[PDB]
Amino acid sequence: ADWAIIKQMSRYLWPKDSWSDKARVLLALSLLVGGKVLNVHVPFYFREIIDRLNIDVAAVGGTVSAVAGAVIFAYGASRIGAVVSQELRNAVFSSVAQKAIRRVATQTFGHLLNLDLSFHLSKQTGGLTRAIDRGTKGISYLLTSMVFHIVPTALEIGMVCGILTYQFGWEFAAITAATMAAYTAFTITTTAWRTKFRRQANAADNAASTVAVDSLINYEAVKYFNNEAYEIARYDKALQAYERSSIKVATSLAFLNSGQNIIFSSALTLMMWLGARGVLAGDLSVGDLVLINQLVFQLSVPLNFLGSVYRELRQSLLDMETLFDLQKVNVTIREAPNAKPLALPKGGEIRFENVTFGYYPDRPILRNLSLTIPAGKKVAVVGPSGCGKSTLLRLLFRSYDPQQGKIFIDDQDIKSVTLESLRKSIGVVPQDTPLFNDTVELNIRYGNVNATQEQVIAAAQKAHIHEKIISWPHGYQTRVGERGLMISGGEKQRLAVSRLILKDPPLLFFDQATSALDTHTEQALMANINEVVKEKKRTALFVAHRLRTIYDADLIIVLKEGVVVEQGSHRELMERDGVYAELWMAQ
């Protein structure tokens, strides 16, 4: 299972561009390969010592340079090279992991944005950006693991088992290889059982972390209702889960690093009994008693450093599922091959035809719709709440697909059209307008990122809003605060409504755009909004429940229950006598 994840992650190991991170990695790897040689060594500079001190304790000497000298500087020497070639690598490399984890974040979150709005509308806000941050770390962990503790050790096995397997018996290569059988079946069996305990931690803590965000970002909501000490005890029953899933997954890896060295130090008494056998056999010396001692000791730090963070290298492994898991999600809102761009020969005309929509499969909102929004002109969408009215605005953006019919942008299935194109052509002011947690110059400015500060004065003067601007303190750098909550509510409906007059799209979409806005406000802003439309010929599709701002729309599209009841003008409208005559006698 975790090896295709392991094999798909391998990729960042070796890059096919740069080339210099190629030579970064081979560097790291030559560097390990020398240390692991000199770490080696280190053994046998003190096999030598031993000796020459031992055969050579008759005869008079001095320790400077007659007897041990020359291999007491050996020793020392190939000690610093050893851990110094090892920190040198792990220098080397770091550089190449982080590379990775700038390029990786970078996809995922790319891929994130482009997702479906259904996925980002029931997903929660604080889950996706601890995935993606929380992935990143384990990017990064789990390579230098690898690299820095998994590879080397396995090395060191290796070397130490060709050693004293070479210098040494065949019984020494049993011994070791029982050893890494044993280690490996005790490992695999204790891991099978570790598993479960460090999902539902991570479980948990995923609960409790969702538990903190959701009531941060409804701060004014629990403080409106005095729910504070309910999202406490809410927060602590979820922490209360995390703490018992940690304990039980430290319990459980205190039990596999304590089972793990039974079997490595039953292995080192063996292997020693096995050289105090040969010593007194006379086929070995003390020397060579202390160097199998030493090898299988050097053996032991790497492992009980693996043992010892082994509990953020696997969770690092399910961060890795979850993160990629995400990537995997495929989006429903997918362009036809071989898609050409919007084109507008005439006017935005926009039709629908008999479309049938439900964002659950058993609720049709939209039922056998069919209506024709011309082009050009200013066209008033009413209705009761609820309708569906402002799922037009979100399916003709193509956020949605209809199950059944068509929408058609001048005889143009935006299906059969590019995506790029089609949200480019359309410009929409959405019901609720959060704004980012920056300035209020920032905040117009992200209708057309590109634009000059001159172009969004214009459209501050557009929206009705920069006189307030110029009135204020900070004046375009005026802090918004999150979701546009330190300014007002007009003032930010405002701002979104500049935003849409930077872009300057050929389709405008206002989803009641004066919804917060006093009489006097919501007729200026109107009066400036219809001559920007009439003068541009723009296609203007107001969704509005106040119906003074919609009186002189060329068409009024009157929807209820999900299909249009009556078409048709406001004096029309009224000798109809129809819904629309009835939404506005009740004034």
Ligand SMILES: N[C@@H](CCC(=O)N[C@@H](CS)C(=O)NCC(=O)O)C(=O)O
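Take the two forms, superpose them, and find the largest set of C-alpha atoms that agree within 1.5 Å; that set is the rigid core. Numbering follows the first chain given and starts at 1. First, how it differs from the form deposited with ligand GSH bound.
Core-based superposition between these two forms shows that, of 112, 407, 270, 105, only 270 has its Cα displaced by 2 Å or more. Once the cores line up, the CA of residue 362 ends up less than 2 angstroms apart between these two forms. Relative to the superposed core, residue 316 undergoes a C-alpha shift smaller than 2 Å between these two forms. Core-superposed comparison between these two forms: the CA of residue 138 stays below a 2 Å shift.
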Second form
There are 2 protein chains.
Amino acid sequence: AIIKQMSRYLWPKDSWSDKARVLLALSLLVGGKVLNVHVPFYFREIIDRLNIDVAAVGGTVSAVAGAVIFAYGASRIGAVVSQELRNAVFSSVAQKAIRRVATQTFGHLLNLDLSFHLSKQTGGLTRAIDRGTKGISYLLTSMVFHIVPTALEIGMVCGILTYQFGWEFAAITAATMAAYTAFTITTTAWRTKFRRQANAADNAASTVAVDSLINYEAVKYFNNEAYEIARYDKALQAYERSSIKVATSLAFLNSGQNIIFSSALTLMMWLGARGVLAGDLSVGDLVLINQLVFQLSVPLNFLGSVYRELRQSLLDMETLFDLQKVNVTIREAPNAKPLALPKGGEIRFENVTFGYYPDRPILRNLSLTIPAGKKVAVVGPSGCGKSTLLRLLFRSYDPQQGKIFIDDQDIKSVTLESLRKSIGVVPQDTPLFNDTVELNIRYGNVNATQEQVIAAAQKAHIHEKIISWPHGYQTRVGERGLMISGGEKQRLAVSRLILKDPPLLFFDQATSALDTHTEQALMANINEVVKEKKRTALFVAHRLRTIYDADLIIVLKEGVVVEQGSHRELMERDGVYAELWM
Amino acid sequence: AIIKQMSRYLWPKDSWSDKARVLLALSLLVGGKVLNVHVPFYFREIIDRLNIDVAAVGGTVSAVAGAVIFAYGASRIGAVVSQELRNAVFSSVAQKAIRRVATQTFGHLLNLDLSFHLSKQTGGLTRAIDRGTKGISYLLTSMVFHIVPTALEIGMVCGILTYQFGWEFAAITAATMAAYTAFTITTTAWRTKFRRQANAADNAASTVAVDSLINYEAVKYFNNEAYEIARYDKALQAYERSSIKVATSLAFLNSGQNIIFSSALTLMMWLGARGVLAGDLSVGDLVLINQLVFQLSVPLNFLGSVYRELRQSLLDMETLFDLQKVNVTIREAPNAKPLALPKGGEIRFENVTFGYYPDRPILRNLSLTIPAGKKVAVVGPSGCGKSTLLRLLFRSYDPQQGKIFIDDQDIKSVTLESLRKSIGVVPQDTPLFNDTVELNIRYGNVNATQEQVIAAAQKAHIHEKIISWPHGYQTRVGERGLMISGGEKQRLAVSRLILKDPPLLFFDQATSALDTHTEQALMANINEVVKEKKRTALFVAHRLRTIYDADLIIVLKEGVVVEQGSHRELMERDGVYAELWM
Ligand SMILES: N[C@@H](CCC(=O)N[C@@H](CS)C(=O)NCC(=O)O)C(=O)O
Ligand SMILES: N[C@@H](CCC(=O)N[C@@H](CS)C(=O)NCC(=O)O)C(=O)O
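Given the form solved without ligand GSH, state the structure of the form deposited with ligand GSH bound.
Below, the chain from earlier opens the complete complex, with every other chain and molecule after it.
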């Protein structure tokens, strides 16, 4: 638990305005605690300057004690304005560190690999980033607001009560802080289980209500309304049990804490009374002792809540620092070359064996050649493993056995960014960003003006359907935009492809939908935009009645390439429409 | 804003243990504030009993001031234990009121009508119940913890400072509380906009991350990782702007508040000094005045956060009290009769005209008769409005024109609960409760033992497939259970129907799925369980090649019944398989 504190003490520095305002935060911390401890001393002086017999000098308050009254006021005001200014100044440092850490972690995540991003749910990762960065924010914020200043003030109070009254009073206030902290830590560790129980069996009741209201037709059809009401009562009853235990334990915590300070303040009042009756102290030293220890009691009023959230931050920060050290599985070879990509695009597979979970090979000892400018298609049965082809050449994965060469160069030796620039993809299903259609089309090339977007809408016939949209192509689209049809989604994908202008083109199960006439329209569309555009293109389909009129055909059975040639040579195998029995 | 306070002051009462512990809460409130204000008076006595010249009696602390030292300790301890005990005691009252209000609102919601439950999203309604009841909890909790006790203590402090020192000191502390409350209310109203901005542009960044990580294949295929990182930077930058403004405004609030008390305490210190030098007061009366006003400053330290959440509670509580006064659209006639239901089940429609949005009639001037024990089906085109039939007879809706009679009695005159008991439904799609299959089957009859569930699994062949489930029929099923097939969902529905044992049976688009062989199996299954079980049954299908062999057939064109008779008379119209062109 101290290792994380070491790391996150070390990191926030190294800018100039950052270090300037953290110096200002520390300066206001120490000045605030000094002006805080000077309040009881000026209160002692006000008491002890008016404790003269009025048969003495008397006179105006300005002459007797006006300096120390104004100094009491100024010390109180300054001691809280310094607190609020150190908070306002260190919050800038905390927030900037949070922004740069969250950005670095997000970039790391996007640089990780598909096995990782299919292992774990994305909502979990983004909540990990969010809660880990709020945890780091609370660690810096807590260490500068609560943990350090009240420890500094405990030090100064045990020092002044030593310098003026002896080690009796320092011993009492140090034993008080030891007992108060032991008690508050133990009780708030015991109490957070009640807090999380009252949160768990509140989401329980909320989702019981959600389940009953989603299934409203069902609950009404079977006439058991009272059953749902009773189940909601039982869930809410568990909630009220846990909330009552939370409030009761909070009462126990607060009462025990102030029993510890009231025992401390009473014992120091007694020893101050012994000091006064023995003649050592004065009467004002009583309010000095009492107000010093009580002023310690103001920051430590939140010891139970800046330890619960501090430990929760050290739990979430650990998950974020677990994401920050995962891996890079597919890495490029050092000093990778962008070479051999501007050639006549040929992809040759050499004895390639790849499968998900290598104990079950899906693609087995495969070798092929895809020349330049050719509309080649690959066909096969369902689940044979054709879809890995793209995921193998885009170097989303690696070939466990065998090698891949684009125009006489191994993929493991080519620079990753230029490789993935050169490739262009139309996926089987294209998810759409919850944005404007202008930006979904623009996602092919971010630094593209509007006219390129318009042309991309033209070339695959999107412009008519975006004129048909309400706001033009400024329409907000997505899962929360307008519910659209899959054919227009692949039109968006091919518009992305047109804006990329890549050498290599892939259409990986681009026709996988229900009907045929929209499919044959989009097939035609991508044909006149892909052939007569002089780029090498690889279709992928298990529906070969769609791609029977392509240029070069290859077929894969059970992980091996079997037949390679034209349509008529394929005609001895399936390729007839005979699979349309249903 | 005061009307809600009137209502929720009025309601929590009327039980005996409830009123007992609210009496105990109020007793501890007043006792706590009394023991709180006695702390500065015992501190005055400790100061003023040791301010004697030590040339006087002197002696032990026990003789001089030991009673008042122990009384200072006891008053502090008691004044905080009474606070914590009034909180622990009034929390029971608050939670029980919340449970009964949330149950009443939930029962009200389930008693509302389908137009309402299709108008509004269910998540919105359940968050309305949740947040409205947390709002009522915070209103009772806040009014007993913060708003009332600190107003009582302000009253007692302005009363004691009047009784002992004059109206000068009461005027100063009342002007202090007026200025402190005006300032804190104005600043926390100005500051909550920053708080909600920092919450809105944090969900913005979180969903930007969610959108980028869901679309991971897409962002990797177009090589624009830096684009997503930059957009996450802009969202997080807006977050850091708003969080910096939140922390800065909190610093302003806290510093201004303690400027107001420090000006108050200094001005009262000055007038106490004038009183001491004039001989009126004593030196201990200075610590009396200072500690009284400062002890007021402890509860008012949360005035900015028990007003923000109090106003948010009066916003959510209003939405809940808007749900609590909606309507009952379809109500039963007063003294409705359960009569005419145990007859030979015949349903006659008389000149019935119903449509959604009555400016567009969907069903138009319809009259038919459904005798007892007959397997009758109704067919027609897509969207003609056949599905309203069930929703018309179950009295989910009302016939705008025309009347409905089951066995010579109008539906508007029959008791609703016995009506909906007598009806049994197999919906087109049956949602399944996120529970065990044992309870989804049990939902037909809640007070059914296991053997009835087993028999219901037998009669439609569910028992084999629940033996096939991992835990037997104890398997947890649902959206988060095991992903199942639709045919087994309708098997669950008909098992529900068997456990109901109703006279009337409806199968409203029960066959609406993709394939046919599972459909023909489930059609057969429901046939041998429905006919030869001597209950009148109404199938509903727009796929009449499935129901062509039923007993009685009726057909509806464009909202009017056209032909009624056997299968051969229907054969002159469609009913051939000729619609299977695709
Ligand atoms: N002073 C108490 C808690 C003070 C406190 O927690 N105040 C705010 C948060 S700063 C609160 O309401 N927390 C909820 C809780 O602790 O139950 C302690 O020693 O733990
Ligand atoms: N004393 C400050 C607020 C003290 C406070 O509210 N602390 C905690 C626990 S109740 C909190 O909720 N802070 C949230 C905030 O106000 O930003 C005021 O007068 O508003």
